[PDB]
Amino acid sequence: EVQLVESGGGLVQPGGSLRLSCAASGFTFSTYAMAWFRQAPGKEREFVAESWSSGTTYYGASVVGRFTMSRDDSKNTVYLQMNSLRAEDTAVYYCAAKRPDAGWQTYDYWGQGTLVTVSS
């Protein structure tokens, strides 16, 4: 079955940086959109970033200019580079995958997440 596996979570101080990665298999990676979402304690899941093999990449309003996402289609891996981290970036971060022929909010596959804590 499809696997999406996040790596890289942990504790970072405010102002620090952290890079997450997500390894994908079991579906046609090159044609899907890959995305990062996050869920802060007790809140609804929030869009973070999305990237297509065409190069098109875009971000949530709260993170644009601080986070960057990249994809390595040759290695079935995506990355989230998080800079200038803030306490309110604390969340479980999830990788997700979306078919090119699905509605723009329909994500078929979800990783199990990685915890990121930003605290002094």
The other form holds:
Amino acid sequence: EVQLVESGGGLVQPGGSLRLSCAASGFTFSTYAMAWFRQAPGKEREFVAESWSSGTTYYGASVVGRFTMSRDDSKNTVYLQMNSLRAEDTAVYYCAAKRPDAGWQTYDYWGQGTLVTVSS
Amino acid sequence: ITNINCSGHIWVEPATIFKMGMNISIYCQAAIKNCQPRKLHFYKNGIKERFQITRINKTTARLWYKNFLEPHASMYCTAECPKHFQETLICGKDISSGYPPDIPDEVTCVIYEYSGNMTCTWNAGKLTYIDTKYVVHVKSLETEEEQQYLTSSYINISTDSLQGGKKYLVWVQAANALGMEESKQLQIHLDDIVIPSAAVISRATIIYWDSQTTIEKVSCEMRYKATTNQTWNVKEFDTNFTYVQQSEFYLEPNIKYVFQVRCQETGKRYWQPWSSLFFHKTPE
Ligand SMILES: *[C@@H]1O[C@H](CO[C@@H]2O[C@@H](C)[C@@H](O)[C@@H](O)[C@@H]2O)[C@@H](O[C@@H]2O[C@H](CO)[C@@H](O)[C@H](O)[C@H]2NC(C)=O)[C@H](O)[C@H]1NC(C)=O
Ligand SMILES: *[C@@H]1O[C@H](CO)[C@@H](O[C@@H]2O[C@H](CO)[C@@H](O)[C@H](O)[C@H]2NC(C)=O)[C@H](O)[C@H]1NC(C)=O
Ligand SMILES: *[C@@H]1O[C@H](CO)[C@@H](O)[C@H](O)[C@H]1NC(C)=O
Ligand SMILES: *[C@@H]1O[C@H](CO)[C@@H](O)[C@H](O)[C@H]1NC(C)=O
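Please supply the corresponding structure for the form deposited with the partner chain bound (the preceding block corresponds to the form solved without the partner chain).
To see the whole picture, the full complex is given below, headed by that same chain.
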């Protein structure tokens, strides 16, 4: 099948940093939009970032400026550099693939997720 | 659809679904806490639109497309908030383009022998691209009971629902977001629309074929032709499927031929589709 596997999860301090990876396979990477989502405990899935082969990259208001998404089309991988980490960012982070002719918010593929705990 | 909390909203004039070739305006309004956007950007499936964009409010912007012909497009607008080098997603929206339904015509209902089904089909007409529905209405001329059937292609009405007399009225109504048409009514008699069970060719000068029909009066047509000739040769029958139907044909030696057959209830309106091509290369 296709497969999205995230990495880089772990513990981090308030104010610290870290970077998530997501390896992608099965589909044509260049033509899909790649997105990071997150889901705190109890709270609902929320958008954090999305990036296209063209280079277009936009972020959710909650994390713009602090977080930075990029994508290596050669290595078929997207990354999420997380800086100035606050406790609010304690959540499982999901990698997602969106097909273009699909909706603007229908993602055909989802990774298992990596947990990111901001201790204190 | 997975939910994306929008920091604003998008809206389209005339509407998110519009006739192909219409000029459309897409508006995007920022609503981001502590952010008077320096600029607002529009992307169509991740490609930046760089023209026909107009700053209106201090918070609203408009993208304008001319003779918009794509059946589908997902739209995204983002804000350049001060204090950030990056773009905050405001919202996205899906737009789609098509035509309103043509009047369905060539409505025909038939019953294939041993099926239990009345098969009503029709020419929908011009491709509409967008989501259109079809409602087949059925009215009994005897009792005036009306049934409606929803479909996106054609319909099979179970014969057990057509036991209120034999004379019926059928019309087909088409509808999508751009229009709603309705067909001229077709009157049918259940006994007049029957097609005999298929006929099939099996063995190759002599051609063996047969059907499981039990219609009393059946007429058939077998047409042959050299694969490379272009004029068909139709041999009209009035067959009787008691035993197998064998048909003898003269023909030249080392030449490849083609055969088809079709049958009907002698005198009725419709026939059945011609058989599949039965090829035959004869010896020398
Ligand atoms: C799409 O629009 C063009 C021109 O639109 C003009 O500019 C826009 C930015 C907006 O301000 C409009 O109000 C303006 O009218 C239309 O071009 C016209 O086409 C008609 C007949 O189709 C013709 O008589 C005019 O001379 C053309 N020129 C202008 C300046 O209107 C065009 O028709 C529109 N297309 C559709 C499908 O509606
Ligand atoms: C008679 O018509 C019915 C309805 O069209 C047919 O049953 C359908 O068969 C398809 C498979 O082709 C299923 O996906 C549908 O769900 C069935 N619908 C119902 C209501 O059962 C049936 O095959 C037809 N019988 C014939 C032609 O002998
Ligand atoms: C411009 O701003 C006002 C104020 O909220 C808003 O109601 C309006 O919809 C905006 N744009 C247009 C085209 O009316
Ligand atoms: C309708 O009936 C025909 C034969 O009478 C059958 O082949 C076809 O599958 C049916 N239509 C459906 C199932 O949509």
